[PDB]
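The chain contents come next:
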Amino acid sequence: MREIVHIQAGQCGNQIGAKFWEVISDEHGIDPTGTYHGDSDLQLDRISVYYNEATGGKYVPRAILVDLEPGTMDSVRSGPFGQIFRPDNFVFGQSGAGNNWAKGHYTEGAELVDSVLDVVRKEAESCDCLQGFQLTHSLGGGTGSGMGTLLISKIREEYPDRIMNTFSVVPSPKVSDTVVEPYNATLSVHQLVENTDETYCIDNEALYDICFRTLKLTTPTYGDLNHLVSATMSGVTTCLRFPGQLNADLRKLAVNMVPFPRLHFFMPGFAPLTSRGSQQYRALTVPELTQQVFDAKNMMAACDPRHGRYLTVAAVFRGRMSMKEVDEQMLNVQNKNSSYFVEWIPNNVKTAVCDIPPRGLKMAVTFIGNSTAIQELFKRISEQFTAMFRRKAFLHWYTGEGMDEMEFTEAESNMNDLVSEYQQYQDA
Amino acid sequence: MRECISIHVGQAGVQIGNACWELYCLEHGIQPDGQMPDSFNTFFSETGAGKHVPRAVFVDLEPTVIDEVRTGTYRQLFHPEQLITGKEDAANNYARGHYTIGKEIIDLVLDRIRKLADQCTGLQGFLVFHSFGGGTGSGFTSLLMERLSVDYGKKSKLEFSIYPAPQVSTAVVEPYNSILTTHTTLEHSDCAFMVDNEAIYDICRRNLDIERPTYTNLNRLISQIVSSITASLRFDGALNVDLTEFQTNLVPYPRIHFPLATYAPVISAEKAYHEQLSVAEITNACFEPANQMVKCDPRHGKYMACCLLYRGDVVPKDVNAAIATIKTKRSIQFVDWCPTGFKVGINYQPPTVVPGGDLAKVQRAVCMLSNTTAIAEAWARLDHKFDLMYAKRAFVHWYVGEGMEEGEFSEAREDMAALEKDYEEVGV
Amino acid sequence: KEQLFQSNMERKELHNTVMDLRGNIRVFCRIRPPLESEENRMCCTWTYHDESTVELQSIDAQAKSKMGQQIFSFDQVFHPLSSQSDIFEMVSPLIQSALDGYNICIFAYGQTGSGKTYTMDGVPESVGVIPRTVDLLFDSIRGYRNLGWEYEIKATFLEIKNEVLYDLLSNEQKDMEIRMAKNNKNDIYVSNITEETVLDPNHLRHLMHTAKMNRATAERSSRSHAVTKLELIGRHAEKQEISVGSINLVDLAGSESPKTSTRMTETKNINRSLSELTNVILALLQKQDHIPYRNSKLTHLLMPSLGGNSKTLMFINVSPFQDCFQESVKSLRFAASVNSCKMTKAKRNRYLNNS
Amino acid sequence: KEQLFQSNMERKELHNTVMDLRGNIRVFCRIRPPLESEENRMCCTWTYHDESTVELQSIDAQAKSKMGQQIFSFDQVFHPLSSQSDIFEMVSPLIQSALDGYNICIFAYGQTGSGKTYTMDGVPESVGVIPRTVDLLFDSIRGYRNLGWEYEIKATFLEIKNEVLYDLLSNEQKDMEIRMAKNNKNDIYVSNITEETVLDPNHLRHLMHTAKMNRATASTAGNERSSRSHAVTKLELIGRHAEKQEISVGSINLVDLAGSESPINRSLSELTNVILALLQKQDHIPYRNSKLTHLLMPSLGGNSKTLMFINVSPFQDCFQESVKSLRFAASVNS
Ligand SMILES: Nc1nc2c(ncn2[C@@H]2O[C@H](COP(=O)(O)OP(=O)(O)OP(=O)(O)O)[C@@H](O)[C@H]2O)c(=O)[nH]1
Ligand SMILES: Nc1nc2c(ncn2[C@@H]2O[C@H](COP(=O)(O)OP(=O)(O)O)[C@@H](O)[C@H]2O)c(=O)[nH]1
Ligand SMILES: Nc1ncnc2c1ncn2[C@@H]1O[C@H](COP(=O)(O)OP(=O)(O)O)[C@@H](O)[C@H]1O
Ligand SMILES: Nc1ncnc2c1ncn2[C@@H]1O[C@H](COP(=O)(O)OP(=O)(O)O)[C@@H](O)[C@H]1O
Ligand code: ALF
Ligand SMILES: [Mg+2]
Ligand SMILES: [Mg+2]
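Chains as they are written, first to last, in PDB author numbering: chain B, 1 to 428; chain A, 1 to 37, 47 to 437; chain C, 325 to 542, 548 to 684; chain D, 325 to 587, 599 to 669.
Please keep in mind that the hints were generated in silico from the structure rather than gathered at the bench.
Some clues are possibly wrong.
Below, computed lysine-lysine pairings styled on BS3-like, alpha-carbon distance capped at 27 Å [stated by the list, open to error]:
{"#": "1", "chain 1": "A", "residue 1": "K370", "chain 2": "B", "residue 2": "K324"}
{"#": "2", "chain 1": "C", "residue 1": "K676", "chain 2": "D", "residue 2": "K616"}
{"#": "3", "chain 1": "A", "residue 1": "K401", "chain 2": "C", "residue 2": "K588"}
{"#": "4", "chain 1": "C", "residue 1": "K568", "chain 2": "D", "residue 2": "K388"}
{"#": "5", "chain 1": "C", "residue 1": "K671", "chain 2": "C", "residue 2": "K659"}
{"#": "6", "chain 1": "C", "residue 1": "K616", "chain 2": "A", "residue 2": "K401"}
{"#": "7", "chain 1": "C", "residue 1": "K485", "chain 2": "B", "residue 2": "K154"}
{"#": "8", "chain 1": "C", "residue 1": "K336", "chain 2": "D", "residue 2": "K325"}
{"#": "9", "chain 1": "D", "residue 1": "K509", "chain 2": "D", "residue 2": "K498"}
{"#": "10", "chain 1": "A", "residue 1": "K96", "chain 2": "B", "residue 2": "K122"}
{"#": "11", "chain 1": "A", "residue 1": "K280", "chain 2": "B", "residue 2": "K324"}
{"#": "12", "chain 1": "C", "residue 1": "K588", "chain 2": "A", "residue 2": "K163"}
{"#": "13", "chain 1": "A", "residue 1": "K401", "chain 2": "C", "residue 2": "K671"}
{"#": "14", "chain 1": "C", "residue 1": "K390", "chain 2": "A", "residue 2": "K401"}
{"#": "15", "chain 1": "A", "residue 1": "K370", "chain 2": "A", "residue 2": "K352"}
{"#": "16", "chain 1": "B", "residue 1": "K324", "chain 2": "B", "residue 2": "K362"}
{"#": "17", "chain 1": "B", "residue 1": "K379", "chain 2": "A", "residue 2": "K401"}
{"#": "18", "chain 1": "D", "residue 1": "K478", "chain 2": "D", "residue 2": "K568"}
{"#": "19", "chain 1": "D", "residue 1": "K568", "chain 2": "D", "residue 2": "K325"}
{"#": "20", "chain 1": "C", "residue 1": "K568", "chain 2": "D", "residue 2": "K536"}
{"#": "21", "chain 1": "D", "residue 1": "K659", "chain 2": "D", "residue 2": "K485"}
{"#": "22", "chain 1": "C", "residue 1": "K616", "chain 2": "C", "residue 2": "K659"}
{"#": "23", "chain 1": "D", "residue 1": "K336", "chain 2": "C", "residue 2": "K325"}
{"#": "24", "chain 1": "A", "residue 1": "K401", "chain 2": "C", "residue 2": "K640"}
{"#": "25", "chain 1": "A", "residue 1": "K430", "chain 2": "C", "residue 2": "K676"}
{"#": "26", "chain 1": "C", "residue 1": "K616", "chain 2": "D", "residue 2": "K616"}
{"#": "27", "chain 1": "B", "residue 1": "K379", "chain 2": "C", "residue 2": "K509"}
{"#": "28", "chain 1": "B", "residue 1": "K379", "chain 2": "C", "residue 2": "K616"}
{"#": "29", "chain 1": "D", "residue 1": "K336", "chain 2": "C", "residue 2": "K336"}
{"#": "30", "chain 1": "B", "residue 1": "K336", "chain 2": "A", "residue 2": "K401"}
{"#": "31", "chain 1": "C", "residue 1": "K659", "chain 2": "A", "residue 2": "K430"}
{"#": "32", "chain 1": "D", "residue 1": "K498", "chain 2": "D", "residue 2": "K536"}
{"#": "33", "chain 1": "C", "residue 1": "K659", "chain 2": "C", "residue 2": "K485"}
{"#": "34", "chain 1": "B", "residue 1": "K392", "chain 2": "C", "residue 2": "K506"}
{"#": "35", "chain 1": "D", "residue 1": "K336", "chain 2": "D", "residue 2": "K325"}
{"#": "36", "chain 1": "C", "residue 1": "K640", "chain 2": "C", "residue 2": "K336"}
{"#": "37", "chain 1": "C", "residue 1": "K674", "chain 2": "C", "residue 2": "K616"}
{"#": "38", "chain 1": "D", "residue 1": "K568", "chain 2": "C", "residue 2": "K325"}
{"#": "39", "chain 1": "D", "residue 1": "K478", "chain 2": "D", "residue 2": "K498"}
{"#": "40", "chain 1": "C", "residue 1": "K509", "chain 2": "B", "residue 2": "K392"}
Extracted from the complex, chain B is given alone in its bound form:
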């Protein structure tokens, strides 16, 4: 039944996946044990697309957890909703890629990706029909970024038809936590754009400011960031896993957001972003929700739409709202943001109302735009790459692991190519 299989990579990927499956369990009323205690039988309608039932109401989450340092998975065991996984799935290494992409792709990462592929494919034929792969990871560290690319190559060659809805945290423009992230992210996205068809741009400082100012938060703990991305990630597929007046799936958006093969990176989002107790200073409704969903303040990366144009948009509107009011709203935003809008492609919108709203929230939407605003992000990444490449800045760690600057030059060229495509289609 067009099931989906979940992959986790790097400590970020593992943590965001943990909170993600907690969110899904909340959606479907799944106890931390694994036994179903929800009330809506409709939660069991497509429960199979995530929770493969094992025995007696105990549903195994379809999760593959991959890492080269056991600490994250040990926390998962200790953490709630960790024991809910079937322990066979926790296929991990011991040494650690050490924030080295080459290590994550030819050292321990190579052996573990080799060791997990069997488990993931076994889970695959364990399911009836498959749609794709979510490589829930981040480009921040060499591990999740490397092994993930090694895995995506294996995943693509064995399952090319499958659409990989991989989610990645783009290196922060200001917070360069990984000194070699310019080399890392670039090496990753080379192979990605060679194979993948949909990525996302998530900036740690973007969510920092979002929770600080839109949410009125004071302690932007990573828990909040994990919850935000997990909530958006769920809304991506609620159309598939849940009924609705106008139902979409991964395939719909997959064939709708990409005018071209390569031009396949996207900016997500969600609504509303109400604070802790702002319930009074506004009245919750879908007009205001739409109004505050399309603004740059409710973006996801530091990519300001004030420098790009929404090539395509895939607003979902999880819940029950009005097709009209969304039509006139997209009309109005097209009129007012026509400059920040591809004139070459008109009539771009993907309203995909899904009946069931999130828990405790009457109204919701997940924005997904292919805005031509990433080219500045790739520009700054390429600038960091070439700046650290003129002096081969800490290149010895990579080159020593049997690697050559050949691929670095090629990846930089392809990133320039993505910048060229974005600017060329934004202008034309």
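Starting from the known structure of chain B, fit chains A, C and D with the ligands onto it as the hints suggest.
Structure of chains A, C and D with the ligands alone, referenced to chain B:
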């Protein structure tokens, strides 16, 4: 027994048929289980036991819609075998449902419709309910409809494709789906009744006066439309015009077969009290410049012929007087070749409404069907949208990677362009 | 009469030059002899207004009421009576340019049964472009040994199918990647390719023969992409120069629409190739600032052959039949569009080894 | 007969097509062999990098290592062993194109003593470009007679010294001006010039002899007049076919450029700039900035063919100007 069958496919069409059968059972007094505490012989197949199963096979590449009617009260009415499911839908890609998925699915529905035809005493035609921009509504239906012509073709297939909303394209690739399906429908389309969702929204604002109407409300309007359309077959009337006569009455040219539907009593219950529901007033209402079910200018469009499905306490004498005044109306414009196409399917069966139905129950009704050249402009804009997208080959990779060809795209373009020329040539 | 013969022969030589000299993309429309069975089944009408212009009339029932004169002017139009030599004499000057130190790429565009293998492979009957160009290249090589140039030949055989790269020379399943060289950013090579040094034409015949059985073993032949890269290096010890040239023999797949007798994934790959090629060539005609060369493996592999220092050919193998008339005329439209296209200036490779 | 020359007409037409496809503006280098009076002259180290390139080295090892590379490529390189027929072999296609309605420019460039004059004029023992061109032109006209084409040659001789035009066919000094042609705004004519009609090669030989005598050459007699003047001889082809019309108007502009050695350079620098701009496809070409460029403006268009010769003296004392001439030539090949 002039028995006819209906088929349903895509998110739009299965719910459309569900609401249509709701009114059919309402005027046949049949329960959702299929017992009537005659007129259903043509539609509801009364079996040896007290089970009247309506001749309706609901087949979609997405099983969610089949599941929704399975959970629908008409689960018994909609034979489970007639409810054909699937895995992935057809994306927004005609090619996917025309050469990869629906290509093999049509054969299963072929068995369903042909066995229904065997049970049927004298098949009249096929009521295919679907959309133009819909992926399954395009490729799957176009292949299904053309295969029906291959299987029979003699049957007056009454195509019912929902016109794609021009102001808001639910699918950014709606133009491709619409032009491609017509490329594989126009040639085999005996008579394609046309209805646009945006026009229903405008009707629900000017007549139904509903601030928040769901798609079910749109389907209710269509339910009354098709109820009056097939009222002649189900119920005796002064002049019973069947699907066979519908073709001769509506379509005068092998390619010119796209009449827009129109229902006079679409006013709200309060508006029903406001009006006197006069035969003359409702004749004007069904000939008002804003009652066309497609976004077109009827005043500027030459009408090939208008088919009024008059029903309720109405006599052809009063209809003749009212239509005579409408014929004199300069605003009402008919093609020079056929300027006297005022044929009216007058019936003496009052139109019923589903309990809680948005449309006000009126003692009389008229389903005006006007095949006008006004829709040529609508076809032109659809072709134009496809042309600008195909000009830079946008989203073509998906179609060609699903069995489509750039040559077929050009064929579809010239087919639609030639259709516009045929429309204006009929007008002059 | 002797002066007349000299004049007309000199003019014929000028014909061969201009074609390649101006070009720069020589779109050739060769009409193969119509098959008798397919003729008596259904056939269309063609008139050659000149040796380089063809009008595929048809205009029977649908083409009658929907289309007019299918006159299309090209670089050269070949009659069904044209021989293998007739199409080969125009390849010989381009082979001379290739051995001069220029990159050359060859495409055979057509549907199933068009005769693409009869052009390249040459078909068991008689010989084709490949053996003729091998013999010509070896003859020019010995001639330039008489001129003091020593040339080495490198042959790489690669097959593209369902997006997965396959090595035609080795049966082992190997992971292929195509990458630009480290020395220059323009030239692009494929990693882990079975590379062999050609010793004599006999060994080249043997390896081509084995590769052709491997091709037939791998109706996939009509729907799979074959890429042949012949790299020539010319050393002149007295001059201390190295001349570098490449020959790209590419066998395209059937351009037919899916219709019914087709499989999904193979059709999808063919659509990748054709649609991405159409988009990039249209962008080139559009003078677009950026051309997306990295959407499909096909255009990325032949990035030097399409956007680099090379001279490339179009062979439009067209079946002159009404059933395929629509696909054929679509092919002629695309062939005229690419005839209007422009190639990036080719560059002769001279490398002095003084250092 | 008729078919032979019809095929010849088609052949020569497509020959000019190939020429335009090549881009014309072909640069060539010629080296003069040393004379009996220059056996005691220091030469240069001429190592011949094929027949399309040549580089020169100074004998002085103190200076040889201080100039780096001196390699310059050409379309064809002439050695001292090359005979005048070798030079003329590439002039005949241009003359044939001129017979077809195209404008042809023949230029000899270099320092004084390089050999430009004997590249164009030549000696009675070994004739130059002028006699071979006129002989081939008259043979071509005799051939054209058979298809009805009637060719008339109009020869004009003029000299440019200090941006002032002087007529070499008459001693009656007048004032001559460069003016736009009456029936063609792109074509040019000069007023008051003696435009004699050539009847046979003897007539043009007599005209050339008279022009040379009236020129009062002083290239070696003081290095004042001939060494710093441009010898422009124009041959115009006007062919008219009976019962076909379609006249072909073409001109041959063989120019003997003045000395390029350091001290008028006013015309030479403008010609160099015009040639470089034509090679760069510049929108605006400064034709009117000098008399020589303005005179040859109709003969320097896209369809017009321009021919260049770079004569260099293989002597050590001429090295400093030979390298400048070769650099000017290399501004064309790159
Ligand atoms: N009136 C009405 N229109 C509907 C309904 N559901 C969808 N639509 C219209 O259908 C169009 C969207 O395409 P879908 O119907 O979702 O497509 P589909 O036919 O299911 O095919 P796929 O694209 O393959 O899923 C829009 O014009 C919607 O307004 C419905 O219940 N009633
Ligand atoms: N949103 C989010 N980002 C995180 C989180 N933890 C880490 N990150 C980011 O992702 C990076 C970790 O990358 P990863 O591949 O997991 O690291 P590795 O396994 O050590 O190579 C960090 O440097 C952060 O930038 C988290 O909980 N949430
Ligand atoms: N000039 C020709 N003479 C004889 N047969 C030909 C000629 N050209 C094509 N054919 C026939 O067309 C058929 C197509 O063969 P092939 O080239 O292998 O497939 P495709 O044309 O699809 O590439 C062959 O069987 C061959 O006999
Ligand atoms: N190819 C040649 N063969 C023999 N002598 C030559 C050659 N070229 C030039 N000379 C000699 O060079 C001398 C200088 O004349 P030249 O250089 O032609 O005049 P200019 O300086 O005007 O070009 C002449 O006396 C001639 O004898
Ligand atoms: F039939 Al084929 F290449 F098209 F062998
Ligand atoms: Mg073949
Ligand atoms: Mg002189």
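Those earlier numbered hints the structure runs against, lowest number first: 20, 25
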